[PDB]
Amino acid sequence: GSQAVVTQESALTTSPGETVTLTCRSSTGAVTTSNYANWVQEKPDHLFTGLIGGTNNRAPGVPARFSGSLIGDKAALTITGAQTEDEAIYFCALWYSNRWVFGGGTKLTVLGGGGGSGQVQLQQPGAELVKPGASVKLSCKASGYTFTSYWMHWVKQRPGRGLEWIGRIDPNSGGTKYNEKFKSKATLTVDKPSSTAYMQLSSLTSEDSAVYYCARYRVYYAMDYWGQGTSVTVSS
């Protein structure tokens, strides 16, 4: 199959102090708790952080004004009292049996000045230039937590185009799950001494030019902490 499409509002405009609800629809029918909906916020300069996962579980440190739920046949993120710093692009991700599928993202605009209410690191190298047909080994160094206690995800962004889930590794086990789209193009591995996750992209091509993020994932919870992304450019 793999014809499932996730759609979100293109844009929403609000003011400080208002209640805004972003929704996430599945093309296959209703969104269910078996879609374990995740919500991720992109602030300017491609800074990602996960807010919600498992429909309603809250990421570490996410402000009280955010909450997740199912509303009718959609997943929904509600901001109860929007603040100017909430101006961002919000992406949902739905689980479809063996892969995550990201929506297109909602750009939230917060108009007018206002008020509002006021550790773990993943370290990725900024860039990598590769020659066609070669490989790259991408690193993601985790610090601040027990490395083997959390899964690690990899996400591809061709910027402007969208987000695509590549796959997942359990550091404790070495067990992997790959998006079929990348099952032979990508291999996930770890080094537990150095607490480093690695993704190898075999025999590259021009489509492969993108930013690749690693993201810490707690099963049933959020894709919470993200690396800065490695910009991989292919010489053409």
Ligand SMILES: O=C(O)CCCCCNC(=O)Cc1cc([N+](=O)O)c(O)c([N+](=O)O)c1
Contents of the next structure:
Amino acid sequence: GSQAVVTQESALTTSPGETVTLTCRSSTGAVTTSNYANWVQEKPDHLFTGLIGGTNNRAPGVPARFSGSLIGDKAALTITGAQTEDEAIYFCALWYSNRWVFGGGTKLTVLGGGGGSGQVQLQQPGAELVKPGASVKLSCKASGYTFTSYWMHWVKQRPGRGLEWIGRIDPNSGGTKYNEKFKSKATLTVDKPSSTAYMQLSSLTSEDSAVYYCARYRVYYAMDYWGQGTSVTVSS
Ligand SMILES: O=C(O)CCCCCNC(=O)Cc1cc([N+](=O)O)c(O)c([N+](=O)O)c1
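Could the form solved in complex with this ligand be shown next, to go alongside the form deposited without this ligand?
Time for the whole complex; same chain goes first.
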């Protein structure tokens, strides 16, 4: 498609009880409702959870202090009354016609002590080891919801580096959509009996060494629930 780049504040510092606004900028112009801005939180030990999707739709269970909107020419995530548990990295994802593009993440620091305001599962193997040229098939067991009513996304993360969207599958149809970056490198499959989604990475290389996440998605909403990620390493 294009060479779109999504930009966020590198860092923000707040205190418990303050209102902080994280923004998400598009290098192609203004962020629009057609970019269906998603917001995803990364807590220590690489625990990802979706907060907002489709600009302003609230993922399930997300606290009332979080809200999403367009402010001027950017998407915005607003925390009205930050709490110490909100210290984390916040990623925004924008839809560019045929692919999701992640920003670089905002590291939110909450300084000082404070108070504040106090089922689905996706299971992924911890690691999978492979030598160059071989193939790995990655599993993502879904539990707690109707498997076919929700899309599945896969995301690649080279630690210390950004997030890359790989592709999506609709379990009710098998209809797929792949990032052109991975169109022949990866194939998404689903086993409705065992309610399990799979990804096969044919003919690996050294770049393919990264953690691979699966993430459930309800269209027009958020990439809410994320697997723990499978750290695929390549012998070298
Ligand atoms: O199916 C329906 O009911 C309606 C669906 C389209 C309307 C809402 N669009 C999105 O949420 C953003 C998005 C659009 C896609 N598209 O429409 O091409 C995708 O393929 C895709 N993805 O993740 O792959 C993500």
